[PDB]
Amino acid sequence: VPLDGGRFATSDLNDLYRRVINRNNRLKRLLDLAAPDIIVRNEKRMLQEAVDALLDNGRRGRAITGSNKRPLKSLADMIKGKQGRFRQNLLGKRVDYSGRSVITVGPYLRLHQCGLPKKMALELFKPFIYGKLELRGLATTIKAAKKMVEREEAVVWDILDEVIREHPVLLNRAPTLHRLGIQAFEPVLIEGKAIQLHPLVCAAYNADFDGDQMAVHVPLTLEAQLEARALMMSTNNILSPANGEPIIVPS
Amino acid sequence: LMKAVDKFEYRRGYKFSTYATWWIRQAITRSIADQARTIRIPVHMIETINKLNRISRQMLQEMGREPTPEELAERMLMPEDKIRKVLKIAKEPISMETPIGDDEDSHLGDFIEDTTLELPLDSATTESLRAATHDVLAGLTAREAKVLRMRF
Amino acid sequence: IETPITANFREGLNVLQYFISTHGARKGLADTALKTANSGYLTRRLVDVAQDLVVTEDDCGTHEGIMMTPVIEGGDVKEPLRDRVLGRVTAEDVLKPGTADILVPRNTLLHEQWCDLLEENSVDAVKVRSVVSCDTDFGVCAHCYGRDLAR
Amino acid sequence: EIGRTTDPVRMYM
Amino acid sequence: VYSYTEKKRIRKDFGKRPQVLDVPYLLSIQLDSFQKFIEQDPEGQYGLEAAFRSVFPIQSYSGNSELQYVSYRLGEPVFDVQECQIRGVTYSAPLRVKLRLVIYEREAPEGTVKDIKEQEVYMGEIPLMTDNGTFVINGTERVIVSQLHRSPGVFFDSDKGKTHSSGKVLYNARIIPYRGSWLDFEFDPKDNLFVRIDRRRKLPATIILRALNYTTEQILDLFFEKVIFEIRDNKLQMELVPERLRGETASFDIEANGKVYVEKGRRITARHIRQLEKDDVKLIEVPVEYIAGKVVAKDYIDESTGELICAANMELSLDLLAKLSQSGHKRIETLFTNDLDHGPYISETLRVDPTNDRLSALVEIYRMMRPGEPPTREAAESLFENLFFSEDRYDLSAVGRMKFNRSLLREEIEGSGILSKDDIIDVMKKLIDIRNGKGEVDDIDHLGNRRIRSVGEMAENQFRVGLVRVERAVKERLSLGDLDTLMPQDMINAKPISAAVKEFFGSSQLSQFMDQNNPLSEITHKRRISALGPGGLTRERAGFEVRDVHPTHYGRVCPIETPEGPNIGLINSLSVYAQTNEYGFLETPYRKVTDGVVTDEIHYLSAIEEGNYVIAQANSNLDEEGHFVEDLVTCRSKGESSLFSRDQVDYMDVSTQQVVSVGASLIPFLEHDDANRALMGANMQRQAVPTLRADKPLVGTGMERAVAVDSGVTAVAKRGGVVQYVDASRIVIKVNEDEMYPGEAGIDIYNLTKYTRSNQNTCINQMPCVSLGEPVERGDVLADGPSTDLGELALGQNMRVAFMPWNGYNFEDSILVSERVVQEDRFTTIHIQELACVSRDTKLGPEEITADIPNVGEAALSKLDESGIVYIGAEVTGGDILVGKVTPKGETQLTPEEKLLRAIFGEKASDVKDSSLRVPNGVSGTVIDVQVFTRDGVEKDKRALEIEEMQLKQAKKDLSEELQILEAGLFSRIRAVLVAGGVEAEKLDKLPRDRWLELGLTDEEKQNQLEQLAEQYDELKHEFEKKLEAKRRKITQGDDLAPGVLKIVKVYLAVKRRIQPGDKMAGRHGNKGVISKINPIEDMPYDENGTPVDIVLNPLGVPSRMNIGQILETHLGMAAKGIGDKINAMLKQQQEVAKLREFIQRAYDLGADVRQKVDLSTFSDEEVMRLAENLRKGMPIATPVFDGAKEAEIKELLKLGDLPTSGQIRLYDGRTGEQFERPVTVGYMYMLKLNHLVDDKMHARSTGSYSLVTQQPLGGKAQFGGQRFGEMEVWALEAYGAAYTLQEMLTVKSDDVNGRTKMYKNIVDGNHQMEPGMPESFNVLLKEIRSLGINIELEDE
Ligand SMILES: [Mg+2]
Ligand SMILES: [Zn+2]
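Protein chains in written order, with UniProt numbering: chain A, 253 to 503; chain B, 412 to 563; chain C, 755 to 905; chain D, 90 to 102; chain E, 2 to 1342.
Just so you know, not all the hints are guaranteed correct.
Here are the computed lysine to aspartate or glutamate pairs in the DMTMM-like style, where the Cα-Cα straight-line distance is at most 25 Å [unchecked claim]:
#, chain 1, residue 1, chain 2, residue 2
1, E, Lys844, B, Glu524
2, A, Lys370, E, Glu908
3, A, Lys395, E, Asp1160
4, E, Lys1262, A, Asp256
5, E, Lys1122, E, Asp696
6, E, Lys496, B, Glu458
7, A, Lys398, A, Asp413
8, E, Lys1073, A, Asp462
9, C, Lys789, E, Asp549
10, A, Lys325, B, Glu508
11, A, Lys334, B, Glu458
12, E, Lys1242, B, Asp513
13, E, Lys496, B, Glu515
14, E, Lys909, B, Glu538
15, E, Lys1035, E, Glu985
16, C, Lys781, E, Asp444
17, A, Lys334, E, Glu899
Rather than coming from a laboratory, the hints here were simulated on the basis of the structure.
Could you build the full structure based on these sequences and the hints that come with them?
So this is what it looks like as structure tokens:
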């Protein structure tokens, strides 16, 4: 693809394939020209080395350097490693409908509810707001609904309050040591840019209030919402899986 | 060297090295100009680029600092746009797997997005427009709807 | 070091004692930095070995079990028998301490009431089923596992 | 001395 | 005794130990390094001169051709620092080198030069260090961090039984040169010596010795002693050196002169040794069975047949001795070897060694170095010569040679740069002695074995690399060159030097962006020591022995200032008094102490010399005589501390602050805080962002003035005088008569730096702190930079804090803030960001900056002028258009029913596409600067013309004002010098100004009366005209942009951010917290006077963290605020000035044997009133780190005030009105606002862009991307029963291309259902696996 600025970006497989093709063409030319045995053997060895480096660089001999300084990346290199396809792009993947910010206390909350900024919820539940606006007849077209949401009229807030009334969310801390690292809560619209977290779940989350952050995930389908309500709800797991003792005790 | 051997003549009295050097260097330079870049560039344009680089280096050494592309037209014989195009020719492409500091162990390829995809908002607008035009065409008479559907 | 620190935090520590304490502070920080990195690898290795185990049956119909006794090291007991028996299913029927009458039946779940009864009766050692003796193929049965210690 | 090397440059030389 | 700038506000000092050494300059390291890098040194010493002399003269392949060096010069920079910053270029200077080419005669080795060619060549550019020790690479400021690495030399390791199961120690040696190959010697469990080269396969140690032209007999002579055995009657009569019978076990009988000194089974003791020495016994009787294990020294050959009777280094037995004695030999010598003191490892190594001679050793070395290649004699000899005996490939520079000589216990400190046979033999003998037991191994963590490499040294190395790369090419060119057809300019290319310097300065691990958000952060970065980078260590490759503080760190490296995380203990910071030795080692000042008197002479001692003597402690009592009060003083001799006599003390510590760095020296009551908390507070002290207004820290340490003055953020008066003009952006100083040159117009003009953005998008502003007519002196502060007030450092604000729980709003670490704090704008910061619009050229046509944007309403462009650029000073919010831009669009596509829609509506498709620049969402501000750059050959627009006109007008105005200021000063000097001598009385003044100077009426004695002025006027006018012409030319000239771009427009936005919940706040004692709520004023607790509190903190964090420094500072701040309130009330009552004088004198005299002495009897009434007005908001108090105030002094100060001595008062609930039990500690303490702003962390996404290779979301907050669902989260969801949630997480929201759009359409339609589909990542993996020779497929059944 052409990079912004009139430049280009390429992968090392293109260069490996280029090398292989060029050496094969040279070998064909030398065979056609009845080259001496020593030259033919040298070309065959070069072709073997090129194919070996294409398949797995750095395995048989020294790795072939890339453009300037670094060695080339091969198919085996892409397959393997922590940054390989299996671990980085197939076992775990970035997802949509997610958000993160700083957490606060908010001691007035109940065990089954948390605090959520208005802007974060407005940004997250955009399709739901669009559908509700279309259904209520306030917006004729989805484009009109999007324009109303961008303008932030007095009715989009009511629509958001209606839709977030009984739709749980998922809160997760970046170290997930045990099962209780992800829990479900019932959002409450608040003013500000910080999430409020119940003090009782602080010990379970192993979180503090000195600049820690947490992630937010919105269940999409009906089955996911019901699973989050029936299994991942904070009130549904008060006992530690490791030992049969309470985990929401005051500190 | 094989090509030079195929055409060597010993009756001139000159040694074989003098005749072979020209052929060997010509073959090496032709191979370099042909298959040393990701994007192929013709031999004449490669020679033009090399000549421009040599001049620029000579003028930088003689005068004191980097000159301007406009001033190169006075030294050379160019319409002042060919030099600009040669300069605007893209260099060798950047590796996709190059790193940027630590960046949580991420490379350059993690920040390139596909521009060929269509937005779901656009797809929904298209579906809504299709439904609305179908509804509007149902209201018209059958012959009018048929002739419209045939025209468009 | 044969010379201890005789000043507390309320009083003023001197440069020598502060420099001495810096060694321990840096050792603690390095140990804390390395413990997480080791524990992550250990947890990953432990998760990846037992990810395919799923309860699939309800009762495999086995008679084996593990003999459970309190932990004695040569002094005061560090593990009462109530902790190691609560929530488990008994592999064989329990008898009276005096070997006179039949105690709690074989296939019962020992809750807090059963544990209190066993404590009152002063039973020496009750044997219980375990997952290592389960006869279920490709999984384990609920009875051998016992009860989930979260509900 | 037939082996103990990996680089083809040495064998060519 | 006090300066004018100090009389304004005097800080009370509670220290007791007198100061004898002033704090040195904190930025001396970089300045000194650059000044050693570039300077005209008339010697062959360090620098470019060095480099040049290291390569040139470059001679030809014996063609009587050499290019010889002569001199080097540096040119004037094209642009200054400000212009370089604005244009985004490098602030460097051209390098001019004067060379000379000489060609000798033909067929004459020493013939006269045929021709001489002298010319001057240009060789690259060299960046120049600014006045603050920084560099400018591309529009930005960068700081190079000093590197700490292992010093070159020889070191010995121990390896206490780690690689062997039996626990035997295996000693070894290693030689590390400055540039070359490594040489290693090591032992084995079989007591054999081995040698390694470049960590390759080990070879026997005798191979290199044989290759050094050494035979077996010479090796045995060198490495062993000789004992001679005779053949008299008995033939068993060897000489007996007395010291050869020590430490061994006796096995036979020794007899001399018919005396049995030792019987069977008896051990020779010291009595036997002294008896033999007294008897002078030399010849003894020995049994014939004793010679069974002996090894012959040399080889003996027969005289008849010339046969080798016995070879060297072989066991001698009865048959062998008989054979060599029947051939006519009378003198036999063997090797004296023991089992515990003289180990025969050389003989065993020789026996193992399979090589025969020098040739065999060379063949073996060549085979080891280059396996698979057929050895050649010449090739092996060249390789051996080049390995360690070639000056081009091996370097042993002065520091390495000195270390080698010191370790070898030599007498000279200078020598050759290559190794030698004597050196190798000495290292081998030292290793043998260490193995035997005499001697001790070295530790690599000793500060005496670690060297500091600086930016000058690194730049010199890079330049030398470039110079050798260039000399290779010049030799290649001169190999086939000529004599009278080339100039000394064609063979020199500045490209490799330029590339080397550019890559070194731009892309390097030690070249980092400067952290310019705090003067403390700026001064800390330049004093940073790193053990990483090229030639150092690696963060994951290091162990524990380098990550822990060593006893040698005392006084050189701060033990508590290092980052926590992956790199801890490798980014250490320099201490206050630490310096750098000539060879690059660290040293610290010390006070020389004679037999009884502690003198005031300062001596600098390195780490090696420190252990030799014994150093006393800083806090030692002495009464005005230098004698210690106590007969015993606690001192440290060698890495340990113990009691010592008074007369045995050799040195004393200079000060109590020499053990910590500048960052750690600014924490009051540091000794009362835990080490981890002190380190965290030091790490967090440099992250504070400057606030809108900063007054002063109520409790300090006294280093604030030094930190503010040493940094370049403030303005210091070069010369004393009287202020002539004051402005918000200019200060004019009239220089004193005795402080200025004989002839010149003496006037100093300082230009202040207005609002500008820093590397962290903060605000930099300078404000005057002087009035009109106020006298000034040298070193006085004239302008205050960011986070600085009255020439003192002020990172944050001081607040009234209370320690009590408040309805769980401060549960873990949260901080409760009252509404008045945000009402008074005490923590409001200004942020400035720069946005750029780029107009490039496309194949479809060039872009335009027009203002007719299609499908945009008129109300959406009202802030744009006719040229399409937003106005200066316009208020803009998120989504507002700043610069309008369009791009060509030709025949993209037409989907069905759109033709019908256009037919119905008669609409035309836009020819152009909207690509204008708009304000990012969620941010507002004001436009304060607009800059336009245009390429040559492109016509400028109205905004460009207006900007050019404004710039020309401003430049002309500034030049004219400065010129007329100079002329006004010159004419004032004219009048003064005239009146001083040879003037008319009241007639020369009436002369017109043009001719007033045109008098010379009496230069009779006053030669310069007008003489020194007209020349000054002439040069001033000429330079003004020339600078005007040059400046207008530079302004009117075009710019140099990258190919493909036409115009660039830069817009600057000023953003004012207030405090809100979610922001992070911290103190100076390692305590931090996030704001939770903002209560009204009426809700805050109040005292009996109705004064509410500002901050409410949780007491639950004090006992666990173990930091009483915050409590002590709170008490001290409360006492200081009480004193300030008393002063303010007395000023408000304005009774008299004697009462104020008496109160201030009492306050300044309160203490207990304090070194500071302040007397108000020499102060005038105006100065007393000024000081009283400056002390209204509280009297500042200085608390030295290890010499601060005590609890008794704090209580005495509180008693001086009207506040209770306990420090706790009674509070009432502002909600309920009822008092609180358990009185609450209330006081004032310093607070800081770290730049962990919540609005820079909040992010959310529903739909966006996806990556190219894998259709997955992008990163975070940069491309509007989503969070990452990791393996731990997957495991948590598998532990739960949320199978459907996991499926919708890893298929629909991430990878399924049809899944995501189908789900979006279903959600819009109101149906909450999904289709699972198939992830694209698995298809990509399948294709990648199929690209190999592996067949993988999915079958359907
Ligand atoms: Mg925390
Ligand atoms: Zn079972």
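Hints and how they fare:
1. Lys844/E / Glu524/B: 22 Å, holds
2. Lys370/A / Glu908/E: With a Cα-Cα distance of about 40 Å, the restraint between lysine 370/A and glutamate 908/E is violated, given a limit of 25 Å.
3. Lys395/A / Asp1160/E: Roughly 79 Å separates the two Cα atoms, so the pair is violated.
4. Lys1262/E / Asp256/A: 20 Å, holds
5. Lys1122/E / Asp696/E: Measuring from Cα to Cα gives roughly 14 Å; hence the hint holds.
6. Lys496/E / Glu458/B: 20 Å, holds
7. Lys398/A / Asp413/A: 18 Å, holds
8. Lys1073/E / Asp462/A: Roughly 6 Å between the alpha carbons, so the hint for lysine 1073/E and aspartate 462/A holds.
9. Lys789/C / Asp549/E: 17 Å, holds
10. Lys325/A / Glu508/B: The given pair, whose Cα atoms are some 8 Å apart, holds under the 25 Å limit.
11. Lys334/A / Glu458/B: 46 Å, violated
12. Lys1242/E / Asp513/B: 20 Å, holds
13. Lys496/E / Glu515/B: Violated - the C-alpha atoms of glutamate 515/B and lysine 496/E are around 35 Å apart, more than 25 Å.
14. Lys909/E / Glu538/B: 22 Å, holds
15. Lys1035/E / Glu985/E: Judged against 25 Å, a Cα distance of about 47 Å means the pair is violated.
16. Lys781/C / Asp444/E: 19 Å, holds
17. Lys334/A / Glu899/E: This hinted pair is violated, its Cα atoms lying about 49 Å apart.
Hints 2, 3, 11, 13, 15 and 17, counting from the list given before, are not met by this structure.
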